[PDB]
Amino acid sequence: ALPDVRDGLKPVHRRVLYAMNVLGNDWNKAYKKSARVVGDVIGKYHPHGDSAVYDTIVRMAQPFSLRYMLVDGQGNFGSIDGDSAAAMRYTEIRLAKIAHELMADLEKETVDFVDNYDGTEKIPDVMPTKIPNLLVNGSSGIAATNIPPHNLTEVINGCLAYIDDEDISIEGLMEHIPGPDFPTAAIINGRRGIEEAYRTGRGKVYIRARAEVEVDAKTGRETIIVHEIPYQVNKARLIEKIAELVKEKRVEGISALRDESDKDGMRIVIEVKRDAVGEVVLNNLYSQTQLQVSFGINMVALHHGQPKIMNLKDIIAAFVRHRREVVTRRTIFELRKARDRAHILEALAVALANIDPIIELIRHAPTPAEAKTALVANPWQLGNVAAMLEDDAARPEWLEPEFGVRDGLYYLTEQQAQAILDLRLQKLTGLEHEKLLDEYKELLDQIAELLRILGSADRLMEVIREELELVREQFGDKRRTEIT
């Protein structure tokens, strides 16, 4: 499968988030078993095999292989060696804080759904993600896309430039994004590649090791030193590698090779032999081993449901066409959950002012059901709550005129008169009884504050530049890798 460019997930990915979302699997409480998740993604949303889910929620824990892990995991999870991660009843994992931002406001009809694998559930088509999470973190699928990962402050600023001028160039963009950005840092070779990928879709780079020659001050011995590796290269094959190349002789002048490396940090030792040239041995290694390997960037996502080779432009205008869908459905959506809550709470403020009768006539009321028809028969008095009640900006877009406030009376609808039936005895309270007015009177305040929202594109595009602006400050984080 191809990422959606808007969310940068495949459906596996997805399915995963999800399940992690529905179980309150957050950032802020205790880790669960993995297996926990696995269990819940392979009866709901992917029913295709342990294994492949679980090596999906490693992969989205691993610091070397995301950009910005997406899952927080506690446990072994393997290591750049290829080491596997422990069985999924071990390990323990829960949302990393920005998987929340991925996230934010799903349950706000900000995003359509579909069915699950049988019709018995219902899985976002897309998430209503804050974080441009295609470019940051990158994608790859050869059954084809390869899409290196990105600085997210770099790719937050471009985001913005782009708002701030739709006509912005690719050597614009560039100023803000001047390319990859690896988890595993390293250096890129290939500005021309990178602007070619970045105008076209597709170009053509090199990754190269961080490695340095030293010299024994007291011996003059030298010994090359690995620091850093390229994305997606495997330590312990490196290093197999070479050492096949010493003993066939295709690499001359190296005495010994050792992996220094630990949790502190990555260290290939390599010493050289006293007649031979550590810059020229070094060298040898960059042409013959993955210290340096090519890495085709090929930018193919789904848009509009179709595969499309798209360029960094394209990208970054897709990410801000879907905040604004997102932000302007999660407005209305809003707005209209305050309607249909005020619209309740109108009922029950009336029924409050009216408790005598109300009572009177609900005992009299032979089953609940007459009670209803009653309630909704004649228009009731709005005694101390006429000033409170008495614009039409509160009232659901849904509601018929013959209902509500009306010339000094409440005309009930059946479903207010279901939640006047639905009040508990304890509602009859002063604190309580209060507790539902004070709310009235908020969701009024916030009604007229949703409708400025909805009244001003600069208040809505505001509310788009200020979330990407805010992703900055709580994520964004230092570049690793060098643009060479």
Second form
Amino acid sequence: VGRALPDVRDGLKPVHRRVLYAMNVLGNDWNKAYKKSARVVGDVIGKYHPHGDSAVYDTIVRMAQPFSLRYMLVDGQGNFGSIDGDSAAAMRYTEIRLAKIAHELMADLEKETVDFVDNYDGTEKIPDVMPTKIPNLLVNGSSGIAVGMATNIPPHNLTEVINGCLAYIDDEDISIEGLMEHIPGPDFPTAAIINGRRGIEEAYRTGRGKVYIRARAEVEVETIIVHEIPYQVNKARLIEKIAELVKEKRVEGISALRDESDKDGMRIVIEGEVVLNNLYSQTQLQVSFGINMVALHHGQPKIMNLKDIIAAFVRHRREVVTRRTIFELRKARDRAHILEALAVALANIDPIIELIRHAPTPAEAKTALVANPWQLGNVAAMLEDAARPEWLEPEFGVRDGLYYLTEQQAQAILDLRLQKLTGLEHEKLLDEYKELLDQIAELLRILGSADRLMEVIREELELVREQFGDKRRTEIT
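Having displayed the form deposited in one PDB entry, please output the structure of the form deposited in another entry.
Here we give the lone chain, stripped of any partners or molecules.
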């Protein structure tokens, strides 16, 4: 039910999420060295997706192929296959790492921005979705033909989808037409041209619509050379298709067929223009694409339109940013709280040390520390509120020129390393504290203003379009 359909929010299925999540836990970053695919697969089979290494590896592979993804999620190094059906190399040879943009899908995963469900054995947690900043469903697409739960969302240009997102934000009552002012149609990683423009306008407007993808080919004088073919077509099975058609003479009349596709480009050489047109009608040089935009929305299958899909992303970015803000705020209080005790501890080290050196056990030193309030040394002007945790009891913290330690704050002091008593290490705790105060006020400034919150989302999208946005590939006629 859920394995078949992708989640509108992140555009992935359980597998994809598991694969990428595992890579994230492995510190398998784009800035770090590559890792053997085996390392990741085995980590996934044993912790998230225990369903045969072959399946998982095929997932890792497809996310690495430049002809499968408009914006690859996995940076693969080695034989990951080709447009001619070439199967990838073994997992113990290929090397991979999270693509630059994949980190954007799991950006803030840590900051309690998404819900986490249990894995097969209940020992590990896995995000329900990814706190993505990238509109992955549209951008990379999603296919599948299951029990009534089929989908067929084509890829799109990030720059275009972002502008579409921004537009929606600037005016919620925007039409599908105004939306198409930025997103004219799909954008395939390989494919060259889409003729039927109305199929797009229909697909976007209602979620469904057949479109036609054709190969970018031309004649030269005598010879028809195809530079780029339709999305998802096997170049090999196309040369062969043409071959067994020229043999049976189905295709009027062809001379010699030769695949001169090198590394720099592609060359499907076939030896006037009447040959090319009659070829399109009988070969894979032109393919239909029944756009079926079905995905998991609110934990339920839905035929969503362009706007529905964009609206779904933006609302996710709303939740994420908010949940991130709430976290950063709590994290901020908790640290400033630990810093207060530490600052206080170091302002009266001599009486602190005296208590410790005479207390037999650490537990006893812990009791003596919280047993009586402490004098605020030079930190009197620093502590003089909102930096205190919403869970802290009022009997703790600075009450009347004296500091009342919690049982925890005492342990922090007790865990203090001698080196932290030096001049430098001391300031770092005081400076950090002062930074937090500026930071919490900012996060509150954000949580309060529903405008400042949306302005945070906007800036993120404009940032992704800059560092990740690229040129359009598929041409629309």
